[PDB]
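**Student:** These are the residues of each chain, in order.
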Amino acid sequence: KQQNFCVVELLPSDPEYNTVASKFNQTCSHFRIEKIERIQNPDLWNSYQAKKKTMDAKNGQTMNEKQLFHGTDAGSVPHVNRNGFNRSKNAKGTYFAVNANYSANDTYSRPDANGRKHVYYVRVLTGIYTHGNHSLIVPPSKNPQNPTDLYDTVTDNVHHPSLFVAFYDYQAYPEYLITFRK
Amino acid sequence: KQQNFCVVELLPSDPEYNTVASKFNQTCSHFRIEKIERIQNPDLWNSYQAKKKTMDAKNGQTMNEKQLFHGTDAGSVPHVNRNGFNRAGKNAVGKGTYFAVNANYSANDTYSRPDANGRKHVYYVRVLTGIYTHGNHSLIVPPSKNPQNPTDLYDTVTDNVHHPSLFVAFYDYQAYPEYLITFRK
Ligand SMILES: NC(=O)c1ccc(Oc2cccc(C(=O)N3CCC(c4ccc(F)cc4)CC3)c2)cc1
Ligand SMILES: NC(=O)c1ccc(Oc2cccc(C(=O)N3CCC(c4ccc(F)cc4)CC3)c2)cc1
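Going down the list, the protein sequences come from chains A and B.
Residues in the first sequence are numbered from 74 upward in steps of one, following this note's numbering.
Residues in the second sequence are numbered from 75 upward in steps of one, following this note's numbering.
This is chain A alone, in the form it adopts within the complex:
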């Protein structure tokens, strides 16, 4: 699939704009939001909703999907817009933050030559997660009897998570991109 995409800027009067800016300003009010855009990539979306359908049929009552933040540099934006976060420079999976302020750190959302920072608000299939360590390239197996079944994501803390690490293709859809500055 070609995974072409369109970039739709949301109006400040839009309900989606206020929803996204609201979650971001929970921890990043001190920044100036320049624009919020929706990434419309039908192929990437279909692939994501397909893997969500499979997970929704496997985790029973689990609310598999969460909306999390991902800071990246300006160079990565056209590449995330097209390919999602597939087959990755993270921190060998992809890191997502519960709160925007982790992603607004200059190390991740590096200011570009014009001083602009980029943080995505991502639909992520966190699924069933366990505690991780920054040295896993695949998630651990749920059952030592059945190394078949691995966890979907890993986290820093299973009961009050602040970060999740995803490892599989089409596990995240970069729905909104926030461009801001200090």
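One should not assume that every hint holds.
Said to hold, decoys possible - With the Cβ distance kept under 7 Å, some of the chain A side facing chain B (calculated, not the full set): (1) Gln75; (2) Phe78; (3) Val80; (4) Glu82; (5) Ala147; (6) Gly148; (7) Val150; (8) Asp185; (9) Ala186.
Rather than coming from a laboratory, the hints here were simulated on the basis of the structure.
No residue lacks a Cβ here, since even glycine has one placed at the ideal position from N, Cα and C.
Following the hints, complete the assembly by docking chain B with the ligands onto the known chain A.
**Tutor:** Here is chain B with the ligands on its own, set in the frame of chain A:
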């Protein structure tokens, strides 16, 4: 206008792909092209074709439009895709935008700066060069053609009026960033 846009990657078999890769490799054969994309921004396009329509009505037989190269950094790409080269004055200065006849001027690391992954970005741009004169890297607007009539200024300035290698444009909607070439060394 919102000036939203879509980014369509051309297939290596497309007639457009090899047309564009052909113009680029005239002077940049040593690079590897990773992908060629078409920027589809209807609002920016309509605005551009309107300003081409007026210029086509003013310069008689002049072939107003040329296809030129512009290297930029990865940070600028989402901004050019939406806004074109409209309104630091952070070009090769100066209130204008620099376009190269040949891609190798734009492929210089100073303009198409390699990003963290080593990728370089050069647009193949539709530019209304129009009627141009010689420039002197110190212009905020192009000079007026006639001192009798300071109304009508030139459309662009150039390094060489008869063998141009570079153009500077100063007005809004004078350039459309039709194709984006992503490549590496
Ligand atoms: N791009 C982003 O927006 C982004 C979003 C979230 C994000 O999480 C952070 C935030 C701050 C520091 C770190 C950090 O390096 N470690 C955290 C503590 C340790 C650890 C915890 C959990 C693990 F599973 C593995 C290791 C060591 C590594 C990670 C990073 C980037
Ligand atoms: N972004 C780009 O892809 C890009 C495309 C083309 C481009 O042209 C170049 C290439 C090499 C040097 C220069 C340069 O600084 N001057 C050129 C020589 C002099 C000059 C002559 C005529 C003029 F009207 C103005 C100035 C002094 C300044 C500019 C730069 C960037």
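**Student:** None of the hints should be skipped; say for each whether it holds.
**Tutor:** Consistency of the hints with the structure:
1. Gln75: Since chain B brings a Cβ to about 6 Å from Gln75 of chain A, closer than 7 Å, the hint holds.
2. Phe78: holds (6 Å)
3. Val80: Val80 of chain A check passes; min Cβ-Cβ to chain B is 6 Å, inside 7 Å.
4. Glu82: Hint holds; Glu82 of chain A Cβ to chain B Cβ min 6 Å, cut 7 Å.
5. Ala147: holds (4 Å)
6. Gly148: holds (3 Å)
7. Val150: holds (6 Å)
8. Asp185: Given a least distance of 3 Å, the restraint on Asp185 of chain A holds.
9. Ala186: Interface hint status for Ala186 of chain A: holds (5 Å vs cutoff 7 Å).
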